[PDB]
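One chain comes next, on its own, written as structure tokens: the form solved without its partner chain.
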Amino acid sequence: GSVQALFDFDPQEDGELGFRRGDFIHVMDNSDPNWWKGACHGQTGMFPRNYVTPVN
């Protein structure tokens, strides 16, 4: 499903998925404990799992 950002994530390279606190990210691969694949703002990329939370 989607998760919601607890914090802004500032992407540092191509292929990292930036987002702002409160954004919804559609999860595409949750298999790695630390870096997940997802989609938001018309982009897809990798982001840190510990920046997000399941929807309340």
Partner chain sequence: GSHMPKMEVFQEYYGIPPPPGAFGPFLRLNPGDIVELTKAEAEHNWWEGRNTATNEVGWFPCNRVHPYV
The other form holds:
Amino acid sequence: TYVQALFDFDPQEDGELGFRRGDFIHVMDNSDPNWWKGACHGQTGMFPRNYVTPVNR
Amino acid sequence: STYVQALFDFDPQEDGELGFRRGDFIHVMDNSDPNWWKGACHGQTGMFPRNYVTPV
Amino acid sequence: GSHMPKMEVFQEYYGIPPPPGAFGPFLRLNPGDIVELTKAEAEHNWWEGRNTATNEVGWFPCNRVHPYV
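Write the structure block of the form deposited with its partner chain bound for the protein whose form solved without its partner chain appears above.
Complete assembly follows, chain above in first position.
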């Protein structure tokens, strides 16, 4: 399952996943309706669900 | 040899489309389709949205 | 609705500029409206969604919205 970032996300907080608009993120945990865990750029972390869109579509 | 001027910016979304900035002059090459016309601007040709321009 | 991202509108959009080539109907947006996206790609400037503040559907410039947080 991959999602595409629709916006840049540049967190300060540890445990949060950073990415740029257009990046593809491998979703690791989408159980919570608001914060998902994903993998990108050699790291994993949490990010707000509404920053990304499903690639399958 | 007709020219139109861009009312708004336009970034090509699909290949073959022609982009432009508001104010750019575009040479109309083919106005056969109702919504997308072939034109030339900044050394390139491609399809542009007719509703983004006005005749000069 | 479905499992798609939601956006909060921060800038109004009343159909100007119109969707390129009128490929689809424009979606009126008012600051504060929450739009549930139906079609979106990072590389594209025009996204489709359902404005849940008005229950209308259509296309709008992605530069008028940001993630609903």
